[PDB]
Structure formats: C-alpha cells, structure tokens
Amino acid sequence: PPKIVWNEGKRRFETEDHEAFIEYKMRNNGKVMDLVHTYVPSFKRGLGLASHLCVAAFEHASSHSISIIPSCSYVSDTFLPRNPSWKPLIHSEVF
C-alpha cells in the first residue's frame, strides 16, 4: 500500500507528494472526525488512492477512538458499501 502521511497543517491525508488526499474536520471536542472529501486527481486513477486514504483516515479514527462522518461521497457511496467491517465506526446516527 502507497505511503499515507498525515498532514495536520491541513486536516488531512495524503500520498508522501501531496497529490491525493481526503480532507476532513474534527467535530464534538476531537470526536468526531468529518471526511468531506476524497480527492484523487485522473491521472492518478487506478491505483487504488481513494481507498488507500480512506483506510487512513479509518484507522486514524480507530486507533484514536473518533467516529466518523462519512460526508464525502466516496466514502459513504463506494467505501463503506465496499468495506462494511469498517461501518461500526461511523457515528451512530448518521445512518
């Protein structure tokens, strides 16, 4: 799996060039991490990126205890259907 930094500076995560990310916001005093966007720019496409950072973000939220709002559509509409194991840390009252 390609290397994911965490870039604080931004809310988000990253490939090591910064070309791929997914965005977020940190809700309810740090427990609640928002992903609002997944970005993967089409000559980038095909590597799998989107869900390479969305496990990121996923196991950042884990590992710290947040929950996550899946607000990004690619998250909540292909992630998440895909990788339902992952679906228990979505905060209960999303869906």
Contents of the next structure:
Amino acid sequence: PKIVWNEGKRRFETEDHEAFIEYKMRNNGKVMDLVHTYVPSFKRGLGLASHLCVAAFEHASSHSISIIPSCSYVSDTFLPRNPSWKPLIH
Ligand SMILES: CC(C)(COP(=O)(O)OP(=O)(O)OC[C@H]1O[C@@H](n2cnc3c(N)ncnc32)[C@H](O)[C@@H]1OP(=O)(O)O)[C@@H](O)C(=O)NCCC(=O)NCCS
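What would the structure be for the form solved in complex with ligand COA, given that what you showed me was the form solved without ligand COA?
Complete assembly follows, chain above in first position.
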C-alpha cells in the first residue's frame, strides 16, 4: 500500500488520493492534529486506515513532532490497538 505525504492538502494519502488522513499543524509546526480519516467503502475493514495512521505517526516520530488524536478512528481504535504509539501523544 503506497501512502504519500501531500503537504498541500495536509494529508497522508494513497496515491489515487482516495483514502487519507488529514491533519492541522499547531504550535508553530510542533504538533500534528489528526482531524479526519476517510477510507472509501470498497476498501474498508482491511486495515487501510491503520496504515494511514502508521504513515502519519512515523512521520511525526521521525520529525520530533507530537500528535493530537482528534479523529475518532485514531483515539478510539488505532491507539488502543497500538499502544506503543501513545508516547507520541501530546
Ligand atoms: C473509519 C474508517 C476510516 C476506518 O477505515 P478502515 O480502513 O475500515 O479501518 P481499519 O480496517 O483500519 O479498522 C477497522 C476498525 O475501524 C473501527 N471503526 C470504524 N468506524 C470507526 C469510527 N467512526 N471511530 C472509531 N473507530 C471506527 C472499527 O472498530 C473497526 O474494527 P473491526 O476490525 O472490529 O470492524 C472508515 O470506515 C471510514 O472512512 N469511515 C467514515 C469516516 C469516519 O467516520 N472517520 C472517523 C472520524 S475522522
């Protein structure tokens, strides 16, 4: 699954632009707020949103940025299933 970083749309997304996680940067680029995840119906229940989240966390982590998990997929599903990411959380 090729996920890319589209800075201009503030998202990490599949190459076809169809599935994405959108963020807003806060505190002068120090905090990435994950605000909305969307996977289209035909591609759901297969782990795609999880891979989108991993792309965003790895990005935040390599750049020394912390995360706000505003999006309910992130706080309610991804983090509980992946607690080793919780130190990234603002
Ligand atoms: C939420 C969404 C991105 C998940 O995509 P996905 O690729 O199907 O997600 P994954 O396969 O990684 O994980 C599926 C898990 O998502 C969880 N989930 C589904 N909807 C959720 C929601 N709105 N909030 C918290 N988690 C949700 C379920 O627990 C599901 O677990 P299961 O394996 O027991 O069915 C996708 O269903 C979607 O685009 N929904 C509409 C937009 C939305 O409500 N986004 C959340 C707020 S930003």
